[PDB]
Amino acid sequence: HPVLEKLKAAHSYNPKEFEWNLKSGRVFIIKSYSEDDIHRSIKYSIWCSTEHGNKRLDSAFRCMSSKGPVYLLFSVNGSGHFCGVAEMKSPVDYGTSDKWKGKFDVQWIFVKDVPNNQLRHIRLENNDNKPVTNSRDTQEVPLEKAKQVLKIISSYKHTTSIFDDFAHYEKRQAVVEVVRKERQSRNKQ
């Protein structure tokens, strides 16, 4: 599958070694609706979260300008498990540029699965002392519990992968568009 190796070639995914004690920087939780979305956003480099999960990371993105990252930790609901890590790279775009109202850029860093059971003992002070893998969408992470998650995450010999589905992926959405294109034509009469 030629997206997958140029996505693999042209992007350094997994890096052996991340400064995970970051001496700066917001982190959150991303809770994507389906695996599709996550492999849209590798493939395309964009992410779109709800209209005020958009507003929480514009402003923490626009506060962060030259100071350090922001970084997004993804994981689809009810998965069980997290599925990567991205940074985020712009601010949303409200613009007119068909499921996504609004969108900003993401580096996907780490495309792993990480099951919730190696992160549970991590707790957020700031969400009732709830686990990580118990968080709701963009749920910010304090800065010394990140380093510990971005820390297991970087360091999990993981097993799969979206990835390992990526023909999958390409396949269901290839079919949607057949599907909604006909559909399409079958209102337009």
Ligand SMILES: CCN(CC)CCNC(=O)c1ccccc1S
The other form holds:
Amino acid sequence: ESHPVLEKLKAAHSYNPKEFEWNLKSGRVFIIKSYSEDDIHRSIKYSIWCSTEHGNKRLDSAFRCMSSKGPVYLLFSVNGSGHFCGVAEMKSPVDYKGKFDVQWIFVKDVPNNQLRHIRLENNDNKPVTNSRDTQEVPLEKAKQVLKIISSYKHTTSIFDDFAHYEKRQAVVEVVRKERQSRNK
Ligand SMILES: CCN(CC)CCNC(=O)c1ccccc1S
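Show the other one: the form solved in complex with the named molecule, since we just had the form solved without the named molecule.
Next comes the full complex, and the chain you just saw is listed first.
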């Protein structure tokens, strides 16, 4: 019993491509910390992201500075989750409440213990699994992370709970409309 939104997305995009070039000639790579699974679900279905106001300025500057020299990749993790949940490529500058276009590439859970040994010299040598939102990963360590994420034989992903997130979204909209209506 697959959800029609997810079947449409899977037919229109090649998630988790078996051929992905982790050994980047160029590009910049940033950590994205999401506040919830629900935000990841929206990002995948609508191909957009919003960071904080400071986070949006950092990402906007990197995208415009990259000027299509190469990609800007985003490594997603929800706060407190203990795994990374995928990778998207940033696909537009920030549009202003800033949003920007993203293209999701990997959708798969990679547990933190697979990436913990990789430390970020530009962030007091802490593990990449201990980053804040829009932490930049140096190029050579980004290749190592992308190599691990790309080849990891995942057992699950947010797609396994897709219908649950769809139902939560639809219920929340109705709850809000009714509340707004009682406020009249
Ligand atoms: C309450 C947190 N959250 C629930 C879905 C709403 C705020 N989050 C967004 O509105 C958003 C989510 C994904 C991609 C872009 C945006 S702008």
